[PDB]
Amino acid sequence: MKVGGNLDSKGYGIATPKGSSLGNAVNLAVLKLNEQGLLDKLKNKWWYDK
Amino acid sequence: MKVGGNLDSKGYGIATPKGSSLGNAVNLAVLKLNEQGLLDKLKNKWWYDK
Amino acid sequence: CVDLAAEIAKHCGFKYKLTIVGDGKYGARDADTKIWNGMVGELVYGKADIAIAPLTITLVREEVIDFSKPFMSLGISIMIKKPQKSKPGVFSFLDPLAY
Amino acid sequence: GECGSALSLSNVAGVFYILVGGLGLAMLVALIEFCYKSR
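Protein chains in written order, with this note's numbering: chain D, 3 to 52; chain A, 3 to 52; chain C, 1223 to 1321; chain F, 2 to 40.
Be aware that one or more of the hints could be misleading.
Stated by the list, open to error - In silico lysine to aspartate or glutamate, EDC-like type, Cα no more than 16 angstroms apart, as pairs:
id	chain 1	residue 1	chain 2	residue 2
1	A	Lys20	C	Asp1225
2	A	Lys12	C	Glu1284
3	A	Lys34	C	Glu1285
4	C	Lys1291	A	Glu37
5	C	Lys1239	C	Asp1271
6	A	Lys47	C	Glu1285
7	C	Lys1256	C	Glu1285
8	D	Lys52	D	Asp42
9	A	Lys20	C	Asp1245
10	A	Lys20	C	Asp1271
11	A	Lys43	C	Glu1229
12	C	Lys1269	C	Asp1254
13	D	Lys12	A	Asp51
14	A	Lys52	A	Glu37
15	A	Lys45	C	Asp1225
16	A	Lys45	D	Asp10
17	A	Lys45	C	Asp1288
18	C	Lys1239	C	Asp1225
19	A	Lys20	C	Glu1285
20	A	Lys43	C	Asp1225
21	A	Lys12	D	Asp51
22	C	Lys1237	C	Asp1252
23	C	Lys1239	C	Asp1252
24	C	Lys1237	C	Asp1271
25	A	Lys47	C	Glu1229
Just so you know, the hints here were simulated from the structure itself, not pulled from any lab data.
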């Protein structure tokens, strides 16, 4: 069981080697996917759906 | 009393008019102050120390 | 944030004047008129050059003003009135019966 | 939408009542047979 509140608050990001050209396009893709509501559905799928 | 977990997770930032020249320098100042451990001391000072 | 303002002003090398936001608001855009009030409106309409306050970083704000990287983390929370588990009488011992 | 511990003295207090009427009558019959039959 998880007890108590969380000790800190943070998130996961997509990481690239410093100055990779993918970083910007990947970041905007992540922003779109968040804005589409996909991540909540995927989280339900892999956390709670089963 | 605070009950339950937080509903969301976010932060405060120093805001400037869009394109202000201070924005970058203020941001780096904030980064230094965080890296110095000042903010934990100030938070203790104004929240818990008394 | 007064101490923080002093620290920031020291690290960036500027003089500053603390001004209480006229309306006592954080900052919101009037839907219909599209007018920002509060400290956001102060920045939008050029009444202040920087905001050093508990101003939540939000998308609708980031669309009209710039933010530094977060200096503090928080969440929406619930405050309730305090309650007491224990309260004592004389004869609540007898209370199951009435005078 | 506009729609979104105690004690009952009465109940057996009635049986107090009846019990007491029982008392008074009981003693009535008592001293009426005592007086009547005895004397």
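Comparing the hints with the structure gives:
For the given pair, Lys20 (chain A) sits about 25 angstroms from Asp1225 (chain C) by alpha-carbon distance, which is inconsistent with the 16 angstroms threshold. With a C-alpha separation of about 13 angstroms, the suggested pair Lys12 (chain A) and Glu1284 (chain C) falls inside the 16 angstroms cut-off, and the hint holds. Among the hinted pairs, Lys34 (chain A) with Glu1285 (chain C) is inconsistent with the structure: their alpha-carbon atoms are about 26 angstroms apart, more than 16 angstroms. With a CA separation close to 13 angstroms, the supplied pair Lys1291 (chain C) and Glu37 (chain A) stays within the 16 angstroms bound.
With a C-alpha separation of about 10 angstroms, the suggested pairing of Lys1239 (chain C) with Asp1271 (chain C) holds against the 16 angstroms cut-off. About 34 angstroms separates the Cα atoms of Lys47 (chain A) and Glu1285 (chain C), which puts this hinted pair outside 16 angstroms; it is violated. Using a Cα cut-off of 16 angstroms, the hinted pair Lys1256 (chain C) and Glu1285 (chain C) holds, with the two alpha carbons roughly 13 angstroms apart. At most 16 angstroms may separate the alpha-carbon atoms for a hinted pair to count; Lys52 (chain D) and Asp42 (chain D) meet this at roughly 15 angstroms.
As the CA atoms of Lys20 (chain A) and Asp1245 (chain C) are separated by approximately 22 angstroms, the hinted pair breaks the 16 angstroms bound. Proximity of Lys20 (chain A) to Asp1271 (chain C) is assessed by CA-CA distance (about 10 angstroms); at most 16 angstroms being required, the pair is judged to hold. For the hint linking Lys43 (chain A) to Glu1229 (chain C), the alpha-carbon distance of about 13 angstroms falls within 16 angstroms, and the restraint holds. Between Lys1269 (chain C) and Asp1254 (chain C) the alpha-carbon distance is near 22 angstroms, which puts this suggested pair outside the 16 angstroms criterion.
This hinted pair does not check out: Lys12 (chain D) and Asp51 (chain A) have alpha carbons roughly 26 angstroms apart, beyond 16 angstroms. Taking the CA atoms of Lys52 (chain A) and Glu37 (chain A), the gap is about 25 angstroms. The hint is violated against a cut of 16 angstroms. Our distance criterion of 16 angstroms between C-alpha atoms is met by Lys45 (chain A) and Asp1225 (chain C), whose separation comes to about 11 angstroms. Only pairs whose Cα atoms come within 16 angstroms are accepted, and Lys45 (chain A) paired with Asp10 (chain D) is accepted, the gap being roughly 15 angstroms.
About 24 angstroms separates the Cα atoms of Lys45 (chain A) and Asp1288 (chain C), which puts this hinted pair outside 16 angstroms; it is violated. Between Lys1239 (chain C) and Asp1225 (chain C) the alpha-carbon distance is near 13 angstroms, which keeps this suggested pair within the 16 angstroms criterion. Straight-line distance between C-alpha atoms of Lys20 (chain A) and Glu1285 (chain C) comes to about 9 angstroms, which keeps the hinted pair within the 16 angstroms bound. As the CA atoms of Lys43 (chain A) and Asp1225 (chain C) are separated by approximately 11 angstroms, the hinted pair is consistent with the 16 angstroms bound.
A C-alpha spacing of about 27 angstroms is found between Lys12 (chain A) and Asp51 (chain D), which places the hinted pair above 16 angstroms, so the restraint is violated. For a cut-off of 16 angstroms, the pair hint linking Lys1237 (chain C) to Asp1252 (chain C) is broken: about 32 angstroms separates their Cα positions. Of the pairs offered as hints, the one joining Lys1239 (chain C) and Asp1252 (chain C) is violated, with about 27 angstroms between alpha carbons and a cut-off of 16 angstroms exceeded. Straight-line distance between C-alpha atoms of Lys1237 (chain C) and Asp1271 (chain C) comes to about 12 angstroms, which keeps the hinted pair within the 16 angstroms bound.
Restraint check: the Cα-Cα separation between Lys47 (chain A) and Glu1229 (chain C) comes to about 15 angstroms, which is no more than 16 angstroms; the hinted pair holds.
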